[PDB]
Amino acid sequence: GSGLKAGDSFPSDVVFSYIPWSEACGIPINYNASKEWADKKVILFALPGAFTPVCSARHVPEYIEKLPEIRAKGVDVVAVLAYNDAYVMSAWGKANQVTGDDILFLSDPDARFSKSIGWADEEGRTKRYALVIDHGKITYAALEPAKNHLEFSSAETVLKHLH
Amino acid sequence: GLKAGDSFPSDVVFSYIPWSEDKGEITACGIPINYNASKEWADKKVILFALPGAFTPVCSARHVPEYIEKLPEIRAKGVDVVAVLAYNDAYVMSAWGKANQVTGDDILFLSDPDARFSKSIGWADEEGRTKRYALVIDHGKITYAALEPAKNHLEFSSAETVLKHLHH
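Residue numbers (PDB author numbering), protein chains in the order written: chain A, 1 to 23, 30 to 169; chain B, 3 to 170.
A portion of the hints provided could be inaccurate.
[As the list claims (entries may be wrong)] Derived DSSO-like pairs (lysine-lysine); straight-line CA-CA distance at most 30 Å:
#1 A:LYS72 - B:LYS100
#2 A:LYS133 - B:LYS100
#3 A:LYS121 - A:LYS133
#4 A:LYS100 - B:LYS72
#5 B:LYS46 - B:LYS5
#6 B:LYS153 - B:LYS143
#7 A:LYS100 - B:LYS25
#8 B:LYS41 - B:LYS5
#9 B:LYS100 - A:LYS100
#10 A:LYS121 - B:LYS153
#11 B:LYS153 - A:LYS100
#12 A:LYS121 - B:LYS121
[Stated by the list, open to error] To be clear about the criterion: a stretch of chain B counts as covered by chain A if any three or more of its residues have a C-beta under 8 Å from a C-beta of chain A, and this derived list gives those stretches:
#13 21-31
#14 59-72
#15 106-112
No lab work stands behind these hints: they were computed from the structure.
All C-beta atoms in this analysis are idealised placements derived from N, C-alpha and C, irrespective of residue type, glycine included.
Please construct the entire structure, taking both the sequences and the accompanying hints into account.
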């Protein structure tokens with residue numbers, strides 16, 4: 001794909017899938039990220055898969071812990087992204103005890119967004135990465151050097167790249 | 003696809019996480035192991051049912067809960083193994099198992115990696131998922147095989163229908 005870097009515009013027509021907040031016969035609908043985020047400061051972190059074990063990388067739990075610090079830096083939306091469908095993503099959000107949309111759990115259908123920028127792996131999963139998108143402009147972008155390497159996409163690290 | 007009388011294919015391998023431990027629906031540090039169904043089932047009576055995906059709401063198909071309700075009946079008809087199959091990876095399937103409050107191996111939650119088995123028998127869709135179907139396999143021999151006519155049509159693979167075929 002293309003890559004993404006600071007200074008780039010966030011791609012247009014980026015559409016994910018998700019189940020909107022509450023409450030259960032939730033149905034997946036489109037999440038038009040390009041449109042929704044145009045006037046927002048956003049953190050988006052992607053990872054290999056929902057429900058990876060507790061003993062492995064603490065990607066999501068660290069974002070939950072650092073959420074007060076992230077809000078203090080003026081971030082409006084935090085989202086986690088993976089290739090799992092919106093049903094699995096939504097159940098994973100519940101399993102992580104995230105309520106009231108504090109962190110959005112989004113599906114990248116067939117990893118098509120991730121593929122379009124060259125950040126999907128050989129098996130159709132997203133890679134592990136983070137993007138800070140401020141009003142449609144990328145201000146932080148980092149791809150982890152390996153699947154279970156947690157560093158450049160971590161909440162701690164992303165926090166150092168927020169004013 | 004598959005029909006009664008046929009032999010269950012050789013070298014069919016699924017992925018799963020054996021049940022254990024504390025939390026829901028998070029596996030502590032479970033690790034996917036190969037499940038060699040062809041070999042495991044050679045001397046057993048088995049119900050295998052597949053569906054489009056883990057964590058699909060019950061209001062669009064009460065597939066797993068009905069097998070759970072019918073499990074004492076199913077065992078009383080001599081079935082050794084009951085297994086649900088889907089294209090989701092073993093971590094997701096294991097979580098779905100806990101979310102259904104299934105413990106031990108009462109029902110196995112198995113992954114069909116990239117729907118490859120389902121694909122090999124022509125029972126997968128274009129989206130890379132398994133279709134919804136059921137198989138009764140008795141010591142390596144298929145005695146019941148039905149594919150549902152639609153994705154969220156639950157009839158020929160339901161616990162109640164499979165049971166009718168067991169009782170006969």
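Now the hints, each set against the structure:
1. A distance of roughly 28 Å separates the Cα atoms of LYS72 (chain A) and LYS100 (chain B); the hinted pair therefore holds under the 30 Å criterion.
2. Pair hint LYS133 (chain A) plus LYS100 (chain B) holds up; C-alpha atoms about 27 Å apart against a cutoff of 30 Å.
3. Restraint check for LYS121 (chain A) and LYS133 (chain A): the C-alpha separation of about 9 Å stays at or below 30 Å, so the hint holds.
4. The straight-line distance between the Cα atoms of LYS100 (chain A) and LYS72 (chain B) is roughly 28 Å, inside the 30 Å bound, and the hint therefore holds.
5. Between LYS46 (chain B) and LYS5 (chain B) the CA atoms are separated by roughly 18 Å; this keeps the pair inside 30 Å, and the hint holds.
6. For the suggested pair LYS153 (chain B) and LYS143 (chain B), the alpha carbons sit about 26 Å apart, so the restraint of at most 30 Å is met.
7. For a cut-off of 30 Å, the pair hint linking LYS100 (chain A) to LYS25 (chain B) stands: about 13 Å separates their Cα positions.
8. For a cut-off of 30 Å, the pair hint linking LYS41 (chain B) to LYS5 (chain B) stands: about 20 Å separates their Cα positions.
9. For the proposed pair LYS100 (chain B) and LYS100 (chain A), the alpha carbon gap of about 13 Å is at most 30 Å, so the pair holds.
10. Annotation: proposed proximity of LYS121 (chain A) to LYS153 (chain B) holds, straight-line Cα distance about 27 Å (limit 30 Å).
11. Between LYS153 (chain B) and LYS100 (chain A) the CA atoms are separated by roughly 26 Å; this keeps the pair inside 30 Å, and the hint holds.
12. Proposed proximity of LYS121 (chain A) and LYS121 (chain B) is supported: the alpha carbons are some 24 Å apart, at most 30 Å.
13. By the rule of at least three residues with a Cβ nearer than 8 Å to a Cβ of chain A, the coverage given for the stretch 21-31 of chain B holds, with 7 such residues.
14. Counting residues of the stretch 59-72 of chain B whose CB lies closer than 8 Å to any CB of chain A gives 3, which reaches the minimum of 3, so the coverage claim holds.
15. By the rule of at least three residues with a Cβ nearer than 8 Å to a Cβ of chain A, the coverage given for the stretch 106-112 of chain B is violated, with 0 such residues.
In summary, the one numbered hint that this structure violates is 15.
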